[PDB]
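**Q** Chain by chain, the residues:
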Amino acid sequence: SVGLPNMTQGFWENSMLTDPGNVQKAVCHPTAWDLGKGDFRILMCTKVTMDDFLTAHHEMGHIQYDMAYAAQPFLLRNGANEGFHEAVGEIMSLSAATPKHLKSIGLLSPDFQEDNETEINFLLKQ
Amino acid sequence: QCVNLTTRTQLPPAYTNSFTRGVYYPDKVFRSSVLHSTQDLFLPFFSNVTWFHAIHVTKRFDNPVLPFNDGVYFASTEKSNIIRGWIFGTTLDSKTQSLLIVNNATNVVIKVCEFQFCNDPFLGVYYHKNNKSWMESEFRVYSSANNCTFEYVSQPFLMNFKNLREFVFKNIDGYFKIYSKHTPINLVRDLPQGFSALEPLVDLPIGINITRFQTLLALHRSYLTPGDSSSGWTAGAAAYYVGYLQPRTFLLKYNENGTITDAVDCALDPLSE
Amino acid sequence: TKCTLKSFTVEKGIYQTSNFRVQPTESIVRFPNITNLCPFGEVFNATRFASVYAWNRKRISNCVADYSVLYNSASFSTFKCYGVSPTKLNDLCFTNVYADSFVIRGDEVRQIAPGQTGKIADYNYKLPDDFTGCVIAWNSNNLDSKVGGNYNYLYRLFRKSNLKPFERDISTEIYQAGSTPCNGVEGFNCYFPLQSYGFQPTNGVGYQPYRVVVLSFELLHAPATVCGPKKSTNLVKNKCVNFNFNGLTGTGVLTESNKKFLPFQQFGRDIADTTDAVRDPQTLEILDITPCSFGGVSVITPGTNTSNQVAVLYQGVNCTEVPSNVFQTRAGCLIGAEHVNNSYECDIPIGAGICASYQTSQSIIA
Ligand SMILES: *[C@@H]1O[C@H](CO)[C@@H](O[C@@H]2O[C@H](CO)[C@@H](O)[C@H](O)[C@H]2NC(C)=O)[C@H](O)[C@H]1NC(C)=O
Ligand SMILES: *[C@@H]1O[C@H](CO)[C@@H](O[C@@H]2O[C@H](CO)[C@@H](O)[C@H](O)[C@H]2NC(C)=O)[C@H](O)[C@H]1NC(C)=O
Ligand SMILES: *[C@@H]1O[C@H](CO)[C@@H](O[C@@H]2O[C@H](CO)[C@@H](O)[C@H](O)[C@H]2NC(C)=O)[C@H](O)[C@H]1NC(C)=O
Ligand SMILES: *[C@@H]1O[C@H](CO)[C@@H](O)[C@H](O)[C@H]1NC(C)=O
Ligand SMILES: *[C@@H]1O[C@H](CO)[C@@H](O)[C@H](O)[C@H]1NC(C)=O
Ligand SMILES: *[C@@H]1O[C@H](CO)[C@@H](O)[C@H](O)[C@H]1NC(C)=O
Ligand SMILES: *[C@@H]1O[C@H](CO)[C@@H](O)[C@H](O)[C@H]1NC(C)=O
Ligand SMILES: *[C@@H]1O[C@H](CO)[C@@H](O)[C@H](O)[C@H]1NC(C)=O
Ligand SMILES: *[C@@H]1O[C@H](CO)[C@@H](O)[C@H](O)[C@H]1NC(C)=O
Ligand SMILES: *[C@@H]1O[C@H](CO)[C@@H](O)[C@H](O)[C@H]1NC(C)=O
Ligand SMILES: *[C@@H]1O[C@H](CO)[C@@H](O)[C@H](O)[C@H]1NC(C)=O
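Chains D, C and A, in that order, are what the protein sequence lines are.
Under the authors' numbering, the residue at position 44 of the first sequence is numbered 360, and the numbers go up by one with no gaps.
Residues 14 to 70, 76 to 177, 185 to 298 (the authors' numbering) make up the second sequence, in order.
Residues 299 to 621, 640 to 676, 689 to 694 (the authors' numbering) make up the third sequence, in order.
Everything labelled a hint here was simulated from the structure, so no lab data went into it.
Hints should not be assumed to be uniformly reliable.
[What the hints assert, rightly or not] Distance condition first, Cα-Cα at most 27 angstroms in a straight line; then the derived BS3-like pairs of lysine-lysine:
| no. | chain 1 | residue 1 | chain 2 | residue 2 |
| --- | --- | --- | --- | --- |
| 1 | A | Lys444 | A | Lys417 |
| 2 | C | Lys206 | A | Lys558 |
| 3 | A | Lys444 | D | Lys353 |
[To be verified] Here are some, though not all, of the chain A residues that point toward chain D, as calculated from beta-carbon distances under 8 angstroms:
| no. | residue |
| --- | --- |
| 4 | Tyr495 |
| 5 | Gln498 |
| 6 | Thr500 |
| 7 | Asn501 |
| 8 | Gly502 |
| 9 | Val503 |
The beta carbon of each residue, even a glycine, is placed where N, CA and C say it ideally should be.
If we strip away everything but chain D, and leave its shape as in the complex, we get:
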């Protein structure tokens, strides 16, 4: 809806969106892996948590940023500096943290107050 293209057919069949548990050892650390040949996949044990929601948004933003310059040579398929590659992923999480977005998606109920106390608390937490 923002304007980013869709995902590939290999992103939804190779990513591990479910923690296997004690059946096999697997590190649960969110990292946006870029294989370089169109194989984009996220490695994260995403669960039912708002923090996990924001982390998944950050990982998807990183994947979109990596796919943005996919039509470039190997020496160019990388961020300009060491700060933009993470800022492009963090701005999506900072924008998605608004309560109006969660209310429009379906998480937050329509009946919700808009007092300034919650805004001040969120600003202080940030």
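Start from chain D and add chains C and A with the ligands according to the hints.
**A** Chains C and A with the ligands in isolation, oriented as in the chain D frame:
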């Protein structure tokens, strides 16, 4: 792969008085008992047709490279199927394309490639007394094959003069029509006197120019002749004729069933006119 | 009659006004059977293909190509054509078609087009600007990809010169960019021309192997031996219908014949060069062609000053084929006259011994 036939005496060519032969259906249109007149390339009646005889007593084996002006009339006065096929082209080398119609007693192979034929191409068979049957010996028509245009392979089979097979070849509008009529004969004369309407067999569009042709005969290399890489070959009793076509006007007499029974060349005598 | 004679009054007698004729129906068309279309069992459905530089050049000239089975198929991704309409492919003919077959990367399929350039379009396979044909490319990542990455395909990456349209070369000389001479190995300015490709099943769009084929159409002075399928509709007899058999067209009623044609004679004719018999290229049966009925319409009418009732005569037309009694005569069908047995003196000559008159509650009698 080319083998030049040695030990051959040169004899002057001969001729014969061809009878009312070389009549074929010009088109595929049925007609009733009514007569018809057409101006297609036909064979003039009572014309000089070159006689090529090849027997062994000095031995004689004549198969030169004859030109192709407007069409040829080929006849097969055989008794053991000595004639194997024909060759058509303009250079007989890798320069241009050439038509090669060869039948190795198993398949009627017709290919249109840029063959580079030899000077004296032929086919050879072998006779084994232990097997009590004949068999092929070698196939040295050409050496290699370049890019082709058309190829065809018939269904597999096995194989005095008591057989006659006529042929008429033409080349107009790229198409190469072939007429044939296999009729049985029983006589000792050179060319029988009679009438036969040749029917169209194939119309393969070679799409290439044809200015010369050559007949491919068979040879024998049994134990009667000394074995040699170039000599020691013999040929049975066989002969073929070559008649050139000319633009004339005939009067075809169609039968009530559609078979041409009689015809008259309106160029020989005033009665025909 | 008043309009043909250019007079408001018509005298007693028989006059010819128009000419009756029968119209055809549905325009039956016939053609021989359609068997052994083309040996497409080794190009569009093959198992093992070659590299981009080892593309095959199989000739398609002696078989009837059917482009409807590929245009209407959903198993292909791109079916673009250039210089020819994709719908009329089965209607026209050709002379020789070159069947290409080579596997290329997903993102490199766009460069395979007339008038385009690129690294692969100029060093491996180039199309001319005047190319007249169609491009076909489908996904093949499900069978061409293997575990561990596919490296069985190679391609040319650098060379001193480009490739001409419809050119194939297997030369593998080393490229030399700088002035330093190369002895046979790589180095500073020496490189190898061939490079192994990579195809993995986990790759996304743009890197998957897409089997793209090129169909070039050429029409030179050679006879057209390759065409497309035709209609070959159904036939019917005992009706006036314009027909179109293999090589000719006509109009007339067909019927079951009894003649015995020759195995090679297809058409039939007779004196004065009139087509009267054609064979069915599917049933191998002979049909007698008969021209549909036609005749000059004659209007028998008395004097206008006497009466206005008129009679119609269809000369040579049977009464069963005309569409107030109806009486059939040897001269044709007569409509509007009552047949009587009394023999009077001939007043208006009709033909074949029959005459008309205006006698007694009052009409015209034949
Ligand atoms: C059969 O005879 C022909 C005719 O002489 C030979 O063809 C010649 O081959 C030589 C090769 O040295 C050429 O220099 C000549 O120009 C050729 N002549 C012609 C007319 O083509 C052929 O080599 C002979 N074949 C064998 C096996 O002896
Ligand atoms: C030649 O290609 C055709 C493609 O049109 C193949 O036809 C397909 O065959 C498979 C299995 O045989 C079917 O599942 C498809 O539905 C067919 N496609 C059609 C009918 O459009 C055909 O099998 C190929 N021939 C060979 C020998 O491989
Ligand atoms: C051409 O027309 C049709 C097209 O399939 C076929 O006609 C068959 O002919 C055979 C022999 O004459 C009959 O036994 C069949 O009943 C006919 N119909 C079918 C559906 O097979 C056949 O292919 C051709 N007809 C010929 C050669 O007569
Ligand atoms: C045929 O050739 C012979 C010589 O072989 C000659 O005497 C005769 O006149 C020729 N006939 C014709 C019609 O040319
Ligand atoms: C005749 O030649 C054809 C083509 O080379 C071949 O397929 C066939 O086996 C041959 N027949 C024989 C040698 O009897
Ligand atoms: C002739 O017989 C021999 C002995 O078995 C055999 O090897 C050879 O092939 C036969 N030749 C034929 C059948 O042409
Ligand atoms: C075959 O190769 C020759 C070689 O020059 C070429 O001229 C010709 O166009 C090619 N194709 C045909 C059908 O002869
Ligand atoms: C045959 O020769 C004529 C005369 O020059 C030429 O126009 C024609 O192109 C030739 N045929 C072929 C197939 O080249
Ligand atoms: C022609 O056909 C008829 C009828 O089938 C037959 O009797 C006759 O023998 C055939 N041949 C000739 C020459 O009439
Ligand atoms: C008209 O058709 C009928 C019906 O078959 C027939 O009996 C009659 O002879 C035909 N008359 C003419 C003149 O054709
Ligand atoms: C004319 O004569 C025929 C033959 O007997 C008869 O059927 C018909 O009824 C007669 N018509 C009149 C009007 O008498």
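**Q** Would the stated hint for A/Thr500 survive a check requiring a Cβ distance to chain D of less than 8 angstroms?
**A** This hint holds: A/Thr500 lies near chain D, its Cβ roughly 5 angstroms from the closest one there, short of 8 angstroms.
**Q** C/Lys206 and A/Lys558 were given as a pair; does the straight-line alpha-carbon distance stay at or below 27 angstroms?
**A** holds, 20 angstroms
**Q** Quickly compare the C-alpha distance for A/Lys444 and A/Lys417 to 27 angstroms and report which way the hint goes.
**A** Satisfied, since the Cα-Cα distance of roughly 26 angstroms is no more than 27 angstroms.
**Q** Closer than 8 angstroms between Cβ atoms is the bar; does A/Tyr495 clear it against chain D? Give me holds or violated.
**A** violated, 11 angstroms
**Q** For the hint on A/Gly502, does the least C-beta distance to chain D fall short of 8 angstroms?
**A** holds, 3 angstroms
**Q** Against chain D, with CB atoms and a cut of 8 angstroms, does the hint on A/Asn501 hold up?
**A** For A/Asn501, the interface hint holds, since the closest Cβ of chain D sits about 5 angstroms away, which is under 8 angstroms.
**Q** May I ask you to test the interface hint for A/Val503 with respect to chain D, counting a Cβ-Cβ separation under 8 angstroms as satisfied?
**A** Holds. Min distance 6 angstroms.
**Q** Closer than 8 angstroms between Cβ atoms is the bar; does A/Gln498 clear it against chain D? Give me holds or violated.
**A** With Cβ-Cβ at 7 angstroms, under 8 angstroms, it holds.
**Q** Is the Cα-Cα distance between A/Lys444 and D/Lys353 27 angstroms or less?
**A** Holds - the C-alpha atoms of D/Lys353 and A/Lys444 are around 15 angstroms apart, at most 27 angstroms.
Checked against the numbered hints above, the structure breaks only hint 4 and satisfies the rest.
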